[PDB]
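All chains, please: the whole structure from these sequences, using the hints.
Letter by letter, the chains look like this.
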Amino acid sequence: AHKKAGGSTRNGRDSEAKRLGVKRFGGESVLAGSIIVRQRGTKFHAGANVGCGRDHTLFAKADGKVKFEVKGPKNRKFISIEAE
Amino acid sequence: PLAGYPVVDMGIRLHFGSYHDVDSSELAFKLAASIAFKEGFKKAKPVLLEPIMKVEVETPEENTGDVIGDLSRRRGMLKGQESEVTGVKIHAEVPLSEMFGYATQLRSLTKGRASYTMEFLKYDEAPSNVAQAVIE
Amino acid sequence: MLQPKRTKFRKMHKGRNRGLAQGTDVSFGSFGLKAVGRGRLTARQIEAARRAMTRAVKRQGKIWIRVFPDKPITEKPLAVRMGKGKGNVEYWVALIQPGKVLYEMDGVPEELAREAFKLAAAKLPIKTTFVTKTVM
Amino acid sequence: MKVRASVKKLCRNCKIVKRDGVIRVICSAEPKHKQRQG
Amino acid sequence: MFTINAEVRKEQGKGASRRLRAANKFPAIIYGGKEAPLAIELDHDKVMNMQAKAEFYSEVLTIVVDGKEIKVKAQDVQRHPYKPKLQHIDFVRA
RNA sequence: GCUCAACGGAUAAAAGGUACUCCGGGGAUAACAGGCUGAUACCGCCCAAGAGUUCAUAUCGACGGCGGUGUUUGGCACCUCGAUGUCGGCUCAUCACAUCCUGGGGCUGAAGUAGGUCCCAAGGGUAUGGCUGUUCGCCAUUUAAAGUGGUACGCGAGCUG
RNA sequence: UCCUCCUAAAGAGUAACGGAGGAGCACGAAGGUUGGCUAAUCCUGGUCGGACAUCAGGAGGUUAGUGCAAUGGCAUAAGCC
RNA sequence: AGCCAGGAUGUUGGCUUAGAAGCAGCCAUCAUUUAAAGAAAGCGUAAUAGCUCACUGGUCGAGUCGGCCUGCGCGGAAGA
RNA sequence: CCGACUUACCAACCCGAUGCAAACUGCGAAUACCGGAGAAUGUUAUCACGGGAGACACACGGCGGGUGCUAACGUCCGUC
Ligand SMILES: [Mg+2]
Ligand SMILES: [Mg+2]
Ligand SMILES: [Mg+2]
Ligand SMILES: [Mg+2]
Ligand SMILES: [Mg+2]
Ligand SMILES: [Mg+2]
Ligand SMILES: [Mg+2]
Ligand SMILES: [Mg+2]
Ligand SMILES: [Mg+2]
Ligand SMILES: [Mg+2]
Ligand SMILES: [Mg+2]
Ligand SMILES: [Mg+2]
Ligand SMILES: [Mg+2]
Ligand SMILES: [Mg+2]
Ligand SMILES: [Mg+2]
Ligand SMILES: [Mg+2]
Ligand SMILES: [Mg+2]
Ligand SMILES: [Mg+2]
Ligand SMILES: [Mg+2]
Ligand SMILES: [Mg+2]
Ligand SMILES: [Mg+2]
Ligand SMILES: [Mg+2]
Ligand SMILES: [Mg+2]
Ligand SMILES: [Mg+2]
Ligand SMILES: [Mg+2]
Ligand SMILES: [Mg+2]
Ligand SMILES: [Mg+2]
Ligand SMILES: [Mg+2]
Ligand SMILES: [Zn+2]
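Protein chains in written order, with the numbering used here: chain A, 3 to 86; chain B, 73 to 208; chain C, 103 to 238; chain D, 6 to 43; chain E, -10 to 83.
Be a bit skeptical, because a hint or two may be false.
What the hints assert, rightly or not - Heads up, simulated BS3-like pairs for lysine-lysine below, C-alpha to C-alpha not over 25 Å straight-line:
id	chain 1	residue 1	chain 2	residue 2
1	E	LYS74	C	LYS235
2	C	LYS229	D	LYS14
3	E	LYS3	C	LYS235
4	E	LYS72	C	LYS220
Bear in mind the hints are in silico, worked out from the structure with no lab data behind them.
Set out below in structure tokens:
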């Protein structure tokens, strides 16, 4: 014909971005309950004064200053808080 | 079967056969023999044979090269050279199919001072190109 | 026709051909063909060069292909408009950076290897040069 | 004369000579080696 | 047996090394033993003809810096990817 | 209690034709032409396995590579939808040269006749009909030859339809 | 409409009729807690029995497993009883 | 460079081939007199023959040859 | 009754040497971003609330890419 009709793709789908990542970095002063990192799995583990939610959201269990550190035999990344 | 030609140099010997007590008939076996020929011939992938014939050409000494070239050009493999006093005598099995009009061509290369005597030699396998041409 | 036997995915982004090469030394044979320019070598290009290069040395020595076509290239058919998904994979290519050794050769004299690589480089779109093995 | 872009010696009797700004291959032996760049 | 006249580098880095190679010298280092490593620059072409020998990479070389002798070995060589040039040379003392 | 899945869900409840058409708009958006591009196409060149009795390069030329032109099929949607009339024919042309004839030349597997293939050359010249709306094409018979392409696939305020 | 990866240029987000896959559930245990336990694969030997069933030892160390895609995570197991 | 002269004896090396006589193609590529000479680089022959080259002695009497890198040029390069 | 060898065959795993990757990572920048402190500069350049809008057709160029032919004054994003 004058023009050749094309096909169709089968890859159009994608899901919404979940806004994961670190919310407060090292040195941030946070209130109790502040979300530090939103995660899939425990890439960062909960240290002192830090709690882990059902979806592994790390949140502050006290007022203070955020600190990242590496601890344990496995060199895992822990998030703790110095109470200030 | 391949191209409607009289098959030659074929050797067949009958060893096994079956017949029906009341239906045994000479015509049946005759037709059955033809059937057997068909399958056997196909699997043997036959090759057409051309009438390769020996050719003897006499020519002046100075034109020996011209003669050799033409003989070779016509897919003919030479088998002998005779250094006769009055010119050289050459021999070759030029394919008959290829050799047509050779007399006229030969004269120009030998200043019209040569001649040839033809005698059929043997039917040989045709080259792929030539064989296919005849098949089609 | 060099081509991966299977691939994790059948199509790949266009990408960019930046940087210098890895594998700039004659590591296997004694002589080598080294790419001076950058570009794409199709499997047909690599294989055509290999035929000339292996045939040049009269099937002597040993021949090493140092490059592999692992990048699939898609082409939209003639007279189709833009969009309607990505095109179909037509051929494979290897990306070539300046300095990469494409072919290696051993077991043959240097003057013959030089001539063989000349015929082989006549088939390649990218500028080449002749290199030999060195002790580091 | 063969006019091509890649002129070169096809035997030892071939000579490369530049005449009037064009490269030429002239052979004293046989004239099928006569070439002109162009 | 090879005598290499080399002068210690005044400045180092990517810009300095590229400037040096444009001026037809190339950087090299001498490390080993207990003395601190010494960064030298030296003429490209002289060493390029010298290293065309196969015995250059095995036998003991001589490097002259500030009129003082250092006995070294050609530990490694970094060559240009396609041009016949030397980017850098690693030398080991003794 | 909703494949209200057209998933921020028009109504509880709804498919088509229009060449008989009509209005408001858009070159925001297609068909012709121009434009950009040049995959494809055409032309040229690079390397030579081989064909050419022998002999790669007289003549061709595999597997591959690099360009040119704008010239086919395309890609895009930049211009025109308060209109740029769209094929073929007729009349009248004009340019480019990648030359069909005539002119000059090199090589030839150029004995002569007659060719083949490149290089130079655009001064002039370069069919009539049968059949189809045809351009083409096939065919008949000529000719030294019945060139290729651009000019809005030249030319409808010049004709035809 | 929703989920996972890439495009996405090391915070978030980021388009195309871009490249690939899934969901419209399941489970009163497959949830809570306490206690306990640790794979894939291969080698050697061993009734049917063999490449490959159950058994013993060894190597190996998560190359397994996760009710279902993909990514991240998981031994203090989030895996098994 | 050029010019003069030689470029010779096993030998037509063997195999193959209608022929393969240095020179279609295969293996070998050795000996000899040498100042030198190849079981031959090329032209030629149907095979020979023949013609050069490598190499050598003389003549001349001062520089010459071939690659590598690199600057700027040259051809490839035809439109209304 | 369980055996012991062997050859120019195929040969997995493993070792050594080589490359390739948007949907590979035992490594890993420059930048960008978040926060704390300090000076200088800046007509508050910042935030909040309220009155009024317009606008939601973008274009090219640089840089990082997808798509296309690393074709297009093509198309789709990021950033200036
Ligand atoms: Mg898919
Ligand atoms: Mg810099
Ligand atoms: Mg809707
Ligand atoms: Mg909606
Ligand atoms: Mg209207
Ligand atoms: Mg209107
Ligand atoms: Mg428009
Ligand atoms: Mg148009
Ligand atoms: Mg647009
Ligand atoms: Mg217009
Ligand atoms: Mg309009
Ligand atoms: Mg108007
Ligand atoms: Mg012309
Ligand atoms: Mg005149
Ligand atoms: Mg008429
Ligand atoms: Mg015209
Ligand atoms: Mg028109
Ligand atoms: Mg008009
Ligand atoms: Mg009118
Ligand atoms: Mg009128
Ligand atoms: Mg991001
Ligand atoms: Mg970023
Ligand atoms: Mg001969
Ligand atoms: Mg040029
Ligand atoms: Mg809008
Ligand atoms: Mg918009
Ligand atoms: Mg935009
Ligand atoms: Mg645009
Ligand atoms: Zn010549």
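Here's how the hints hold up against the structure:
no. : hint               : verdict
1   : E/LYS74 x C/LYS235 : 15 Å, holds
2   : C/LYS229 x D/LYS14 : 24 Å, holds
3   : E/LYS3 x C/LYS235  : 29 Å, violated
4   : E/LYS72 x C/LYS220 : 18 Å, holds
Of the numbered hints given earlier, the model fails hint 3 alone.
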